[PDB]
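My questions will all concern the structure given below.
Removed from the display is one protein chain of the complex; every other protein chain stays in position.
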Amino acid sequence: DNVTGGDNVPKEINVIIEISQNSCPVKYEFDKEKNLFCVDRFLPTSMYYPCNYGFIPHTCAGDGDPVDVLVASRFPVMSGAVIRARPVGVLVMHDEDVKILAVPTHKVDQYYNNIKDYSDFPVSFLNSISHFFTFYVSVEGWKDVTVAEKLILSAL
Amino acid sequence: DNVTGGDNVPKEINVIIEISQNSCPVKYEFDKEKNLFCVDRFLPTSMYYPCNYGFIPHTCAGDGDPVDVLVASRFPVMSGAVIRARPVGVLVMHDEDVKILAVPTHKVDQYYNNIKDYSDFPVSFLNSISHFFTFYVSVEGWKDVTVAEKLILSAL
Amino acid sequence: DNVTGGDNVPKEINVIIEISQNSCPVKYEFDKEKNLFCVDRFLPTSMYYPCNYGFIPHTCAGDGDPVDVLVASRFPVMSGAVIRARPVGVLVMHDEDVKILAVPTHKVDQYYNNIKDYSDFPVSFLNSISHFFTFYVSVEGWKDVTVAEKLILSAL
Amino acid sequence: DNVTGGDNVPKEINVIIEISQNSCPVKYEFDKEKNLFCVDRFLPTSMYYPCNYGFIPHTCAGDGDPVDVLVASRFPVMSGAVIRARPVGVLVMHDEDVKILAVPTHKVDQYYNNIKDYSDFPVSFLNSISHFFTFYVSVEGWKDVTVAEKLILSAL
Amino acid sequence: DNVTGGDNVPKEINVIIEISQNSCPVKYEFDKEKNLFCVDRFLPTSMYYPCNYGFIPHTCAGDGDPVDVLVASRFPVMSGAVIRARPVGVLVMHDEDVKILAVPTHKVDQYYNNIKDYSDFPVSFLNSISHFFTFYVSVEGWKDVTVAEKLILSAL
Partner (left out) sequence: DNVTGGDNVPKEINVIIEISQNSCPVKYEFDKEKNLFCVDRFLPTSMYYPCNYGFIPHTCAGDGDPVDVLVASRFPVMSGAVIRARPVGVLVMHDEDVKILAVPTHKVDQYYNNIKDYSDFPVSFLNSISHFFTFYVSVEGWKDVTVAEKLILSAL
């Protein structure tokens, strides 16, 4: 109720974290109706989320659901916390299902200052992300920061 | 306010987790009046909760307090999260004080599909649970899924 | 809204934990306006909070901000949890900026029963705390339980 | 030098753990020549070993390498530790590459007393294991405890 | 072979850690014959070792086995590591079975400088230790640093 999609959408977005990176395979999901986090499922695979994973509050993608976001970070961020992030790209898949890739803003961590587009990350990292969402499904590929921004805007 | 005791009480119950299994000996407790989790105590024993431990929202047992539930799981579930569970038994103790034993529903984890009654678990596991609540108190023993269901119904 | 500064201010205080001791360098902060925890920043230093760190709800120090409290404990307490604590001292710094040092009440953990004043802790511990806040800034030093209590009262 | 393949091969086997279950994606490997554990690699996938993983000392499979073993357990076992286990099955793959599935002996943990063959585990668990080794490669399937025992004997 | 019982027995002792404090219930044990750590057992109780637990190398108590030592510490110490400690007391039990209680030397951590005898710890802590060894057995009680030293000397 008191939290929006960002300070400066689409350049900066607020992301509510649902699942911490490098956590056990527990898929938490915020339940709008209950106003609480629920265990959606234990993953049937010995896999973990490769980045902090959550959503942009008050967005509505095609499915009616909020825009999902991967936030790369140096340390896991707890479920329930808001992090100020900036998109750098989007992973596009058919099951169409997109996942924004974002990094913390310079205010939050300067480590990622040099990541301006998804391709500024190591390809091994990008490939690990697309593998996760495939095998945990057809992966169309990565698209650039502008496409991600446009997707965020259309969901507002 | 927006969360009930279950989808399909008593066959399925919502459980709000207070304490994660295999966590440090911190006894958290949801405080209705504060509407927040509080540290009830640090356990005076080098013991930890043998399963995720919490309560069924909007139940009222004899003591006036909600029904307490142990949820066995493959990984710890965070305090505050709702998990959909199904009872399989009840641990009955005198201090009378009962603890429902439940497993995640098939939707949440299929690992426990074959646990239909408490006696389907290894006896070593069941014994570990009764030891915990004794020594962390007189343990009457285990009773079956039907008794657990009846207890849940009487608390609605 | 439903939680106050303490049962028995200033002898006992409620503290809402923001950051767990011995956690990753993630500075969480409760955001009054959003009514949610936010990532203030990832610490630019390979440092961690030396005690559970949080605030006394409904206090207003000079800066307008709630009184901050370090709660020493045997195990980390999760962000969001309320712990009943008792002040034993205050760390006074110029950037003036004070941090209450408190321990869990006897109800919560009897380990700290013998800590009645900050000087009852090992000096190595006290020094570790002042080093943290300096280097993560001029440290004026420690002041006693009475001063801490008076500071808490002036913030009510 | 001072550790053998088991007390009672093939019914009981000693397994030297290399990688703990539910650990970070670090593939450790014992290096015979160095007589030390080495980081073989960081896994290119956001995957973790689904069970404790290691080898039977002084075995020699077809590849010349020791027999590899997954040991299911209630808690991770540290790299370097010997655990007394008993095979219950084998996962057979083509890249031929087999992985023994074993459980702790009754002496070590009675939880698994009722697992006498791999099929006594939940199918979801078995499927998680075969998925891991595929996607972290052609999986032929599971074979029974007798086949696993025969494989262990041929490697002595 | 290259490690002794202490620099300055019995005032200072070397302790080889077998089990870390606040670890999962895995009882590791150094096996002299194998020259490796082995899983003795998974504890049948949801209990954990209340302090780092290990032995003094090249001691021989009545049972023929090395002297066992609990080392209190601020953080867990890994299995396999040597820590320089100083005894402060002994927990005496009948099953006779004694456990030395020791703290890190001032060189290793100054936190414990003020612990010169077991009774300098909070009674809640001491009681937690005796409860653990009872319920994980008849506890005779605590004896002072001099008795502990004499026990260490008789085992040399």
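When the chains are written out, they are named A, B, C, D and E in that same order, and each has its own residue count from 1.
FYI, contacts are C-beta pairs under 8 Å (C-beta built on N, C-alpha and C of every residue); 3 or more make two chains touch, one makes a residue touch a chain.
Enquirer: Where does the absent chain touch, in terms of which shown chains it meets?
Expert: For the complete complex, the undisplayed chain touches A, C, D, E.
Enquirer: Touching the left-out chain: which of E:29, E:109, E:120 or E:140?
Expert: E:109
Enquirer: Just one of C:28, C:37, C:49 or C:142 touches the chain that is missing; which is it?
Expert: Hidden-chain contact among the options goes to C:49.
Enquirer: Pick out the residues on chain E that sit against the missing chain.
Expert: Where chain E meets the chain not shown: residues 1-3, 16, 73-78, 80-84, 104, 107-111.
Enquirer: For chain A, which residues touch the unseen chain?
Expert: 22, 75, 109-114, 122-125
Enquirer: What residue numbers in chain C mark contact with the hidden partner chain?
Expert: 22, 24, 44-50, 124, 127-129, 131-132, 135
Keep in mind that, in the parts below, only the chains that are shown with their structure count from here on.
Enquirer: How far is the middle of chain C from the middle of chain D, if each middle is the mean of its Cα atoms, in Å?
Expert: Here the centre of chain D sits 47 Å away from the centre of chain C.
Enquirer: Where in chain E do residues touch two or more other chains at once?
Expert: In chain E, the residues touching two or more other chains are 22, 24, 44, 124.
Enquirer: Okay, what are all the chain pairs that touch?
Expert: Result for touching pairs of chains: A-B, A-C, A-D, B-C, B-D, B-E, C-E, D-E.
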